[PDB]
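If you scroll down you'll find the structure; I have some questions about it.
Note that one protein chain is taken out, while the other chains of the complex remain in position.
We just call them A, B and C in the order they show up, numbering each chain from 1.
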């Protein structure tokens, strides 16, 4: 499967570092370090991936979450990345993400940012 | 914290069932059953939540992922929900979500659906 | 078509007011007044809709944009709503939206909010 291809250290276009282990069962576990935002050092992440993807040249669907609290900082927010892994010489994880931060109900309409990150195996 | 308030069974507006356990460390673990889509029975989920949220009336940021493969069905896709938990008599988890399915690179522009789910403690 | 059904005044769940005219050619023109945010009084809007939708019970795709500058206020931002009109006794426009605000390149990863608005013919 893509277990071997996904497991390892990845980098996105902002300079962030995504260290992950793909389990045989479809589990993703690791750490995330963001180069931007209210973030410092490494944060726990967990997620899931398709462990038996199609064999027609389609990518491998996956997703993971980081809550932005660690021993150093708390940003009262969480980001989820949703995307697909694309193997080969230029292996990539192409994602879109949603960052929700805690708000009062009056401000909840403004609680969620959306963006896109592309992860590669080389900085 | 919100550990007690989050842990348990939740229902969204489509009839789906979200069974989760909030850990003291910020972990979310459980199962998801979707009332719609290429889905059948329960699927593994994992995620994260802010375990020390603000005490100013703001909600509690969280997120989780489901890869849509179980023993019965594989839909070559994954959904991430990003949102906040709002406690009280009418407790709610308000989310937006991203569903990515595996595609060829030529079709990757069309690989991601976006939506919103509101979860409540009563069906 | 849905020209008659779309044209008119609509209200969303925040209390905002969406006044629109659907043209025979697929044009949407009107004004938007937001009950929340850095907004005051009415703002110009323009958009487009499917003027020959399917007749199988599917909704009518449409979209529109507001730039958040008028004679009174400038919020250096723009929102686009994308959704479908659903006719009948409980007529609805169900949307998701993207709000982008002007940022420096260093902050561009955080420039876009995402949400969802449901518009009805009654307040």
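The criterion applied here is as follows: a residue touches a chain if its C-beta (ideal position, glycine included) is under 8 Å from a C-beta of that chain, and two chains touch if they have at least 3 such contacts.
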item	value
Omitted chain's touching partners, listed by label	A, B, C
Touch with the omitted chain, as defined above, among C:13, C:21, C:41 or C:46	C:46
Hidden-chain contact residue, picked from the options B:8, B:23 or B:37	B:37
Absent-chain interface as seen on subunit C, which is shown	25-28, 44-54, 56-69, 74, 76-84, 86, 94-105, 108, 111-112, 114
Positions on subunit A contacted by the hidden chain, ascending	96, 114-116
Residues in subunit B touching the chain absent from view	14, 36-37, 98-99, 106, 109-110, 112-115
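In this section, only the chains that are shown with their structure count from here on.
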item	value
Chain-level touch network, classified as line, ring, star, complete or other	complete
Fitting subunit A to subunit B on CA atoms, where both chains share a sequence, rotation angle to nearest 5 degrees	180
Between subunit C and subunit B, distance of the C-alpha-averaged centres to the nearest whole Å	27
Centre-to-centre distance between subunit B and subunit A (centres being mean Cα positions), rounded to whole Å	15
Subunit A and subunit C: spacing of chain centres that average the CA atoms, whole Å	31
Residue numbers of subunit B (touch at least two other chains)	96, 114
